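Novice: Listed below, chain by chain, are the residues.
Protein chains: 2
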Amino acid sequence: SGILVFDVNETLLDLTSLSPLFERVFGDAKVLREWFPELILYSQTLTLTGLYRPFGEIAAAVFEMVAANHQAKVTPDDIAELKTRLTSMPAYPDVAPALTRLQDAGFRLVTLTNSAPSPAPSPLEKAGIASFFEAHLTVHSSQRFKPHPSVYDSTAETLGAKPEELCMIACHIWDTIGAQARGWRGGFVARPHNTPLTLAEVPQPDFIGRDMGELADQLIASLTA
Amino acid sequence: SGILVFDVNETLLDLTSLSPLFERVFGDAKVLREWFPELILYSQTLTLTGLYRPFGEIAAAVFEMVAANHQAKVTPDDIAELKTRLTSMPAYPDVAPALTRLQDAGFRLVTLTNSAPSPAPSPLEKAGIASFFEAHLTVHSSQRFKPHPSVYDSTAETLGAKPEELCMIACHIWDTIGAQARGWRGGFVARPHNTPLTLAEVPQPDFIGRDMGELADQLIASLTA
Numbered sequence: 001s002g003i004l005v006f007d008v009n010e011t012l013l014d015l016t017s018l019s020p021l022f023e024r025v026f027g028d029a030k031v032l033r034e035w036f037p038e039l040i041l042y043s044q045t046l047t048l049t050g051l052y053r054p055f056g057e058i059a060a061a062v063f064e065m066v067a068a069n070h071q072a073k074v075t076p077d078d079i080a081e082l083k084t085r086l087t088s089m090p091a092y093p094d095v096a097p098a099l100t101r102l103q104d105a106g107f108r109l110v111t112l113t114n115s116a117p118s119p120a121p122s123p124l125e126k127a128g129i130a131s132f133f134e135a136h137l138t139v140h141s142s143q144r145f146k147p148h149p150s151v152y153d154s155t156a157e158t159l160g161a162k163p164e165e166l167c168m169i170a171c172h173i174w175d176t177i178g179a180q181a182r183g184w185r186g187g188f189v190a191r192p193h194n195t196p197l198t199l200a201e202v203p204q205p206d207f208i209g210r211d212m213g214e215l216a217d218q219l220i221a222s223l224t225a
Numbered sequence: 001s002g003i004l005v006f007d008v009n010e011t012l013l014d015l016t017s018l019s020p021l022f023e024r025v026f027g028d029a030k031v032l033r034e035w036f037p038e039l040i041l042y043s044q045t046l047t048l049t050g051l052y053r054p055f056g057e058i059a060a061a062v063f064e065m066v067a068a069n070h071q072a073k074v075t076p077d078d079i080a081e082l083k084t085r086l087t088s089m090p091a092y093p094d095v096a097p098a099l100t101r102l103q104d105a106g107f108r109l110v111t112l113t114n115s116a117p118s119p120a121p122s123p124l125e126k127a128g129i130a131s132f133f134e135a136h137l138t139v140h141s142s143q144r145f146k147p148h149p150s151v152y153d154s155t156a157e158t159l160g161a162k163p164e165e166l167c168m169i170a171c172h173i174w175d176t177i178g179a180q181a182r183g184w185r186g187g188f189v190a191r192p193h194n195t196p197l198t199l200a201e202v203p204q205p206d207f208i209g210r211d212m213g214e215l216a217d218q219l220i221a222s223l224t225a
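Residue numbers (this note's numbering), protein chains in the order written: chain V, 1 to 225; chain Z, 1 to 225.
Isolated chain V, as found in the complex:
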């Protein structure tokens, strides 16, 4: 039926689980929505400039920076808590039912994440959904972050798959744009506070769902339309 390659953070696992840490350190949980794009921005800046550090290290550095920008104190305990929380986000309730449907419809399922590999158990193992997936890939061997073409190309290579056989699924349009630029299909799943960017001359996702159930409806529909 094709191979569905899922983004992990925010797409499958719930980033708002970090909210309490932002509430405590900044007095405002909404600082999550400043820190996260800053983290992605710097991941892309390192990639454009030929530099690489593991995603969690960038996450901690950007947390310190945003703290400094707010004049908020950060302790080693805070940084350790950021690491623990970022590697233990729970799956959204809609994920396991959608993956069950997609597997039963014949799709092969893979993950692809900016996060560096961890010892077992991985965040997806902890969250109880790792067993849906036949492969768990990361940007770490590429030493480049999404949406660099190397990330998607090395993924297709590892899977022995052609771009026509692949669909990138994410709640970040920058990740779907990344994969579609390499000839893959793209599927966008809305998560709270994640809606698609629309811009002229930038390809739209092939599939768009307001949640994972709705995205799976569209994917399954496309098998026989």
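These are calculated hints, taken from the structure and not from any lab test. A portion of the hints provided could be inaccurate.
List of simulated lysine-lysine pairs, DSS-like, C-alpha gap at most 27 angstroms [as the list claims (entries may be wrong)]:
| id | chain 1 | residue 1 | chain 2 | residue 2 |
| --- | --- | --- | --- | --- |
| 1 | V | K83 | Z | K30 |
| 2 | Z | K30 | V | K73 |
| 3 | V | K126 | V | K73 |
| 4 | Z | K73 | Z | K83 |
| 5 | Z | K30 | Z | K83 |
| 6 | V | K83 | V | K30 |
| 7 | V | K30 | V | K126 |
| 8 | Z | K30 | Z | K126 |
| 9 | V | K30 | Z | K73 |
| 10 | Z | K73 | Z | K30 |
| 11 | V | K83 | V | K73 |
| 12 | Z | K30 | V | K30 |
Dock chain Z against chain V, hints included.
Specialist: Frame of chain V; chain Z shown alone:
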């Protein structure tokens, strides 16, 4: 003395001048600090993926996306207002005096911006500081955004300058990283809500100042050291 290449948006011209638009549309001026890194993020994503649209088009698209993410109503008049404010940010009052002293000290002054070439009057002309600079350069000729190496290399080639003759000045460490990766020097100017990122093997700025006056002093003093 060397050639000082200035970032325009936020570095020379005051981004907080947009806060009232964010206050009105979102009920919270702090959404500026969500929207701005998302704008930079997406500029880098288009660059990584081989796509180019003018920076202002991305600004409007990201504004509409952030609005959708907050479930906030946005009208064509709001988008018009964004254009008005973004293209007319006033110069910080420390700017003209600092540029004056750098000129006195024999530095050549240039601007380099992600913003597309503007019809007259430009943001710098409106702000009354355009005439300090011998050249006003943009990412147009590179069709790629900062910190892509082509932007700096095309700028050096345009100026007939060697990397060792150039210093990129910005309040965004992503811009100084970009330039230093191409062998330029970097000078960081603190602006409210901007502090350097400290990350292993990421180059730190050669010069730092808490405002443009103090940075100018550092640059000027380095000629006698």
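Novice: None of the hints should be skipped; say for each whether it holds.
Specialist: Right, here's what the structure says about each hint:
1. V:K83 x Z:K30: Given pair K83 (chain V), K30 (chain Z) holds - Cα atoms ~26 angstroms apart, limit 27 angstroms.
2. Z:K30 x V:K73: holds (19 angstroms)
3. V:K126 x V:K73: violated (30 angstroms)
4. Z:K73 x Z:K83: holds (17 angstroms)
5. Z:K30 x Z:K83: OK: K30 (chain Z) and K83 (chain Z) at ~19 angstroms, within 27 angstroms.
6. V:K83 x V:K30: holds (19 angstroms)
7. V:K30 x V:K126: Given pair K30 (chain V), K126 (chain V) holds - Cα atoms ~26 angstroms apart, limit 27 angstroms.
8. Z:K30 x Z:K126: holds (26 angstroms)
9. V:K30 x Z:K73: Holds, because 19 angstroms separates the two Cα atoms, which is no more than 27 angstroms.
10. Z:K73 x Z:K30: holds (17 angstroms)
11. V:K83 x V:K73: Roughly 17 angstroms between the alpha carbons, so the hint for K83 (chain V) and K73 (chain V) holds.
12. Z:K30 x V:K30: Given that 27 angstroms is the threshold and the Cα spacing comes to 9 angstroms, the pair holds.
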